[PDB]
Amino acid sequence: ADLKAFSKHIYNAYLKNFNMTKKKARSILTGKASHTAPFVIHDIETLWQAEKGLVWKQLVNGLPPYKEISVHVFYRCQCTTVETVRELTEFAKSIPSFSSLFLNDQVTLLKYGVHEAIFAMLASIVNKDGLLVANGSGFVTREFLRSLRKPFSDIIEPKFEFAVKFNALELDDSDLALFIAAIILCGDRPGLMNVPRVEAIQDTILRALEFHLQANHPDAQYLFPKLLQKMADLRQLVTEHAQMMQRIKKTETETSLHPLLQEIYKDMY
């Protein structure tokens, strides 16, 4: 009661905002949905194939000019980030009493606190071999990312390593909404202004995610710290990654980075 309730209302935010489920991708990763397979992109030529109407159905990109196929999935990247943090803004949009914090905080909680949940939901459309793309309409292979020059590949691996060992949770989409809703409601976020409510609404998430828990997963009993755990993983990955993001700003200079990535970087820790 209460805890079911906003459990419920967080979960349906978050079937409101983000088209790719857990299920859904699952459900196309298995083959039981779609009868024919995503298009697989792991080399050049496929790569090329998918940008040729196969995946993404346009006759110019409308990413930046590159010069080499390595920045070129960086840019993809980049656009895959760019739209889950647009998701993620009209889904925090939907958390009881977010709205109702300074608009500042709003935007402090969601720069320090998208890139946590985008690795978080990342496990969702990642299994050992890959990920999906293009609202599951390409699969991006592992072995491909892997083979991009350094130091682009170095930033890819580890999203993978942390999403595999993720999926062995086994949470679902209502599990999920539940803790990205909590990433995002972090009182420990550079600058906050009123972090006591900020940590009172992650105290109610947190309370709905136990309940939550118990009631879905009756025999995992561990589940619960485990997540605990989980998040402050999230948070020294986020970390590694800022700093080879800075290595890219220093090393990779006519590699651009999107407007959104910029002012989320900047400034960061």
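Positions refer to the first chain, counted from 1. Take the two forms, superpose them, and find the largest set of C-alpha atoms that agree within 1.5 Å; that set is the rigid core. Compared with the form deposited in another entry:
- Only one of 227, 238, 208, 55 has its C-alpha shifted by 2 Å or more between these two forms once the core is superposed, and that residue is 55.
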The other form holds:
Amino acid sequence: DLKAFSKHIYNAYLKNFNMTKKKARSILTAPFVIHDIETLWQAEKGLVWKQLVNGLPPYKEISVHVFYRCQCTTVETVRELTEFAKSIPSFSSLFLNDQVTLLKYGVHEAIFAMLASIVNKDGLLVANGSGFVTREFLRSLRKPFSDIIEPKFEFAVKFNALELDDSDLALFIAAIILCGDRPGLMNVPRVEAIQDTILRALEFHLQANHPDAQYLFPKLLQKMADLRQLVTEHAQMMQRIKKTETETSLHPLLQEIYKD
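Switch from the form deposited in one PDB entry, shown above, to the form deposited in another entry and output its structure.
What comes next is one chain alone, with no partners or other molecules.
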């Protein structure tokens, strides 16, 4: 019963996401390194990006350009997370408006967790694993763009120290999205009941896949709390960019996510 619930979620994870954590870490341990303006120009003229540079909004400056590449990945990851959730029968049985509520308030927590896999202390992978942007370069961008990036590195390296595999992540992501505390949810008891079953699946999976791990499941529940604070800080910083970087465009889907 529950063993099949989990594997249904695991198959949805493998089907709807392109790069696994296993692949990400193997690459991280070669990609073209982006560490300065010159290598960023070469990467944009040399590497193959999911989003064609010509499709981005008009050029404004280096910091803004990186910010647009950031939006490309988060919007692409929202797309995959939406198909991942829709491949979960219990998620698809909710009314469409509750599905949107859960994605609206959940995808960024999910993004900052799942994409921790492509990050290490030195930087993170870009361009489908073909590039590697250095943390030092991202820190050298001008405020406020350097400010929004650093907190995610601190989380990702502490998160990666838990050594979750893709099977753990699949359940963990499902649990983030199916969260009963999201504002404006219609059928709270149903979402709460689904989240509880996912968490029960998570614990059963962990104690089998990580029999010698100490306190791993409560450690992950604390990371769910951390992610909420991370996203809260992120949304505050995004509202400051909207306010004072009027020249910077925001993808319409993210405008809808941050509309409040």
